[PDB]
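S.K.: All chains, please: the whole structure from these sequences, using the hints.
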Amino acid sequence: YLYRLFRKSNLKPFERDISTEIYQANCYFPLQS
Amino acid sequence: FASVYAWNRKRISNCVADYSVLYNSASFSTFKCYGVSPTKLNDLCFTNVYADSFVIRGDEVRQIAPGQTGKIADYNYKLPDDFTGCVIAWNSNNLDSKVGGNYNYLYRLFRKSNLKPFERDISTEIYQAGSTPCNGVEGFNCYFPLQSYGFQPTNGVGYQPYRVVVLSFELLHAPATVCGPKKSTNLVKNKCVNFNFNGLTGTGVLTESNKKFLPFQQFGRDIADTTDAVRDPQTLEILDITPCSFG
Amino acid sequence: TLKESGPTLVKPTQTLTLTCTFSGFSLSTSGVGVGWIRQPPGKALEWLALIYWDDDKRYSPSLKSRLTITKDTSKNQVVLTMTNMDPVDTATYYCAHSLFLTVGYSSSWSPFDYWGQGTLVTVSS
Amino acid sequence: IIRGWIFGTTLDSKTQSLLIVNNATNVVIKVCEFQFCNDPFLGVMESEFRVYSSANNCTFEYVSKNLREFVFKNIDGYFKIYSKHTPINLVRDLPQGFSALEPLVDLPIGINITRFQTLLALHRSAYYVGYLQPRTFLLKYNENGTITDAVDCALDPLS
Amino acid sequence: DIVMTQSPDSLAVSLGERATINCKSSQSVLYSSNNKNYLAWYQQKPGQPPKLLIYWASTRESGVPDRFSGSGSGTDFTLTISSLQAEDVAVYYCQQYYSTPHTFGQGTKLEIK
Ligand SMILES: *[C@@H]1O[C@H](CO)[C@@H](O[C@@H]2O[C@H](CO)[C@@H](O)[C@H](O)[C@H]2NC(C)=O)[C@H](O)[C@H]1NC(C)=O
Ligand SMILES: *[C@@H]1O[C@H](CO)[C@@H](O)[C@H](O)[C@H]1NC(C)=O
Ligand SMILES: *[C@@H]1O[C@H](CO)[C@@H](O)[C@H](O)[C@H]1NC(C)=O
Ligand SMILES: *[C@@H]1O[C@H](CO)[C@@H](O)[C@H](O)[C@H]1NC(C)=O
Ligand SMILES: *[C@@H]1O[C@H](CO)[C@@H](O)[C@H](O)[C@H]1NC(C)=O
Ligand SMILES: *[C@@H]1O[C@H](CO)[C@@H](O)[C@H](O)[C@H]1NC(C)=O
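Residue numbers (this note's numbering), protein chains in the order written: chain H, 1 to 33; chain E, 34 to 280; chain F, 281 to 405; chain C, 406 to 564; chain V, 565 to 677.
You may find that some hints are simply not true.
Said to hold, decoys possible - In silico DSBU-like pairs for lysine-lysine, Cα to Cα no more than 30 Å straight-line:
| no. | chain 1 | residue 1 | chain 2 | residue 2 |
| --- | --- | --- | --- | --- |
| 1 | C | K489 | E | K245 |
| 2 | V | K673 | F | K337 |
| 3 | C | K478 | C | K545 |
| 4 | E | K245 | H | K12 |
| 5 | E | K216 | E | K244 |
| 6 | E | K222 | E | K245 |
| 7 | E | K65 | E | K149 |
| 8 | F | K323 | V | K615 |
| 9 | E | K43 | C | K545 |
| 10 | E | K244 | C | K435 |
What the hints assert, rightly or not - A few chain F positions that, by computed beta-carbon distances, are all more than 10 Å from chain V:
| no. | residue |
| --- | --- |
| 11 | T297 |
| 12 | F305 |
| 13 | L325 |
| 14 | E326 |
| 15 | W333 |
| 16 | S345 |
| 17 | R346 |
| 18 | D352 |
| 19 | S354 |
| 20 | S387 |
| 21 | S390 |
| 22 | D393 |
What the hints assert, rightly or not - Rough simulated footprint, nothing fancy, chain F against chain V, three-plus residues with beta-carbon under 8 Å:
| no. | region |
| --- | --- |
| 23 | 600-606 |
| 24 | 654-663 |
Read the hints as simulated data drawn from the structure, not as lab findings. Ideal Cβ placement from N, Cα and C applies to all residues, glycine included.
M.R.: So, in structure tokens, the structure goes:
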């Protein structure tokens with residue numbers, strides 16, 4: 001049930017974003033168990 | 034730095050805080066923000082910021098978080114369950130660890146009851162495990178309550194010293210306090226260009242004036258109460274804010 | 281660095297001092313001690329006596345009557361006198377250096393950490 | 406002789422207060438928890454300052470005839486101070502005339518205030534106190550932008 | 565009383581090989597106020613005393629090869645000696661202060677195959 005993504009889009013309504021490119025610069029990932 | 038059982042407590046106060054120099058310094062091994070994601074720190078204002086400082090092992094940095102357990106979070110330093118600030122941590126093996134063992138960094142390993150959040154306990158009474166009273170002397174079930182990390186430079190990671198700083202933003206009920214830096218930009222006179230003069234938001238053509246404010250007045254108003262002149266904060270000259278052009 | 285000095289063959293029923301000569305540490309600071317041990321041959325070991333930093337003395341309750349210890353932080357020694365020799369006490373007699381009894385859930389007192397070597401004792405006329 | 410005021414609710418410890426002082430050097434604003442003499446003052450050798458005996462927990466510091474008016478107010482954790490220095494041609498009586506007071510300071514303290522005092526330089530070798538109420542006024546502005554006259558609109562029917 | 569029952573007696577472990585010794589405490593000897601076992605492993609060389617190898621059951625003593633390492637859980641307590649050298653003809657012990665009397669391991673013959 002790997003929900004809870006984080007991004008740049010801020011997601012104007014009824015659109016959904018699926019992708020994985022890391023917010024790591026210690027490290028981060030746009031997904032959370 | 035300061036021990037883990039008597040952490041320090043600096044009360045940062047009214048100023049201009051720039052959490053960006055922190056956030057992007059890339060020298061920090063751990064930068065977690067809980068109440069508020071990190072990039073929006075330089076856009077908010079609180080009443081007080083507290084900064085707590087201490088030194089722990091490498092693999093005890095996961096007990097500095099809301100809702101944990103272990104010898105550190107139980108009775109050395111406890112974070113409330115609705116924390117708001119951020120936790121920063123970086124390795125410091127070369128500064129704090131010395132050959133032969135640095136026995137000056139202690140921690141408490143026995144206490145009667147877990148700490149209340151942000152509570153501090155520097156006493157040194159002989160702990161009493163068993164039922165037998167202790168009378169201030171050591172022995173079975175009568176233990177000194179402080180132990181010392183013996184840090185040494187040839188320690189595997191997770192046993193080398195890490196320095197930790199916990200920023201805690203609080204908001205009592207005052208009128209205001211520290212906030213993040215503002216912005217800036219040049220001034221283009223003569224051209225219906227949107228403008229913001231330290232709070233005054235408007236639109237119009239800006240033009241060199243020939244009125245003279247008193248040396249504490251910022252902007253001028255007309256009859257029927259519309260802003261029609263301003264003073265530039267940096268150069269301190271009066272400029273007429275004539276409405277844009279229309280018809 | 282402990283070492284148990286003492287005579288090798290003994291005769292019965294008399295009192296007998298025992299010397300664990302050490303170095304490398306003192307013996308009067310909060311968290312330090314030395315425990316005294318025997319082992320007859322083929323048996324498991326038997327600790328006998330113990331003394332901590334402010335001279336907190338322990339002994340076995342069986343030979344509590346006969347065991348009498350004292351630590352020598354200055355000599356880096358421990359004197360333990362001990363009476364009523366008998367041939368079932370044919371053992372070699374050890375000392376072992378205690379350190380931070382907070383760790384004390386690991387050995388049944390049988391060992392400790394330091395540990396010297398041992399002076400042999402045989403009961404024969 | 407008038408060498409500043411002291412403000413607060415209790416004018417002691419157990420609660421915070423302001424302290425505004427001026428030795429022969431210059432102004433010293435300060436905000437700690439104090440222990441104030443019940444009759445605090447400063448001497449005039451020229452050794453002085455029997456004002457307090459405690460300066461704990463300071464949360465704000467600062468260092469650096471005649472008629473000297475001041476208006477003190479305290480709104481939303483800000484302590485505002487207006488002032489004006491006019492020269493009289495008397496020595497110590499309240500004159501007549503119009504003179505508007507220009508803002509001086511602004512302190513974001515948060516302090517509660519219910520009481521205040523004064524500080525005087527002793528002898529070793531005249532002042533008034535009004536209070537402010539919510540009124541409605543009509544101010545006449547000059548062409549340079551200064552207030553030259555006013556009307557209090559609750560004095561009489563003409564006003 | 566918590567008896568410590570060894571693992572392999574007449575151990576015929578080859579040279580440089582993983583020699584295993586288990587220790588079965590009869591009761592759970594864990595002082596739960598540590599989150600860390602305590603156990604002290606020992607090496608009687610013949611004619612010589614047993615010397616402390618690993619205290620805390622994971623913190624090897626000074627000057628000791630890390631090819632020896634301690635393990636175990638609950639009541640089962642193993643010993644991860646990765647290599648049996650020629651110096652390892654010895655007798656071994658496991659114990660617990662978490663008791664009352666002098667509990668003991670019994671001692672193992674280390675034949676080097
Ligand atoms: C704000 O800072 C700027 C510079 O960052 C100041 O500009 C200076 O103004 C003086 C005029 O008195 C010039 O002589 C300097 O050369 C200016 N410096 C620069 C870099 O241009 C400005 O005065 C400051 N604001 C105030 C109110 O003093
Ligand atoms: C169409 O493409 C856009 C790209 O910006 C995407 O965000 C959107 O989800 C796509 N449409 C649907 C129905 O997914
Ligand atoms: C004037 O008083 C302030 C109050 O603390 C003090 O700091 C200052 O030193 C005084 N002036 C001199 C010359 O000492
Ligand atoms: C104020 O001072 C008192 C006494 O010096 C002290 O107990 C108290 O902790 C101080 N206030 C704060 C916020 O530290
Ligand atoms: C000032 O005193 C009042 C007493 O009624 C109290 O309720 C109030 O909280 C105080 N001010 C502040 C900022 O706490
Ligand atoms: C101020 O006002 C006076 C009279 O109203 C006027 O003469 C003068 O030009 C103004 N400006 C000054 C003094 O700078």
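S.K.: Does the no-contact call for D352(F) survive, Cβ to all of chain V over 10 Å?
M.R.: Consistent with the label, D352(F) stays out of reach of chain V, its closest Cβ about 21 Å off (over 10 Å).
S.K.: For the pair supplied as a hint, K244(E) and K435(C), confirm whether the alpha-carbon distance does not exceed 30 Å.
M.R.: At roughly 39 Å apart (the allowed maximum being 30 Å), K435(C) and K244(E) break the hint.
S.K.: Do the alpha carbons of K489(C) and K245(E) lie within 30 Å of each other, as the hint requires?
M.R.: holds, 21 Å
S.K.: With a cut-off of 8 Å between beta carbons, are at least three residues of the region 600-606 of chain V near chain F?
M.R.: holds (count 4)
S.K.: Could you check that no beta carbon of chain V comes within 10 Å of the beta carbon of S345(F)?
M.R.: holds, 19 Å
S.K.: Just to be careful, I want the Cα atoms of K673(V) and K337(F) compared with a cutoff of 30 Å; is the pair within it?
M.R.: Violated: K673(V) and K337(F) sit about 36 Å apart, past 30 Å.
S.K.: Can you confirm whether the C-alpha distance between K245(E) and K12(H) stays at or below 30 Å?
M.R.: violated, 49 Å
S.K.: If I take the minimum Cβ distance from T297(F) to any residue of chain V, is it greater than 10 Å?
M.R.: holds, 21 Å
S.K.: Hey, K222(E) versus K245(E), does the alpha-carbon distance stay inside 30 Å?
M.R.: holds, 18 Å
S.K.: Below or equal to 30 Å on CA atoms is what counts here, so check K216(E) against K244(E).
M.R.: holds, 28 Å
S.K.: Within a Cα-Cα threshold of 30 Å, do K65(E) and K149(E) meet the stated pairing?
M.R.: holds, 22 Å
S.K.: Take a quick look at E326(F) and tell me if its Cβ sits farther than 10 Å from every Cβ on chain V, holds or violated.
M.R.: Incorrect as stated: the minimum Cβ-Cβ distance to chain V is 6 Å, not above 10 Å.
Consistency note: the structure conflicts with the earlier hints numbered 2, 4, 9, 10, 13, 14, 20, 21 and 22.
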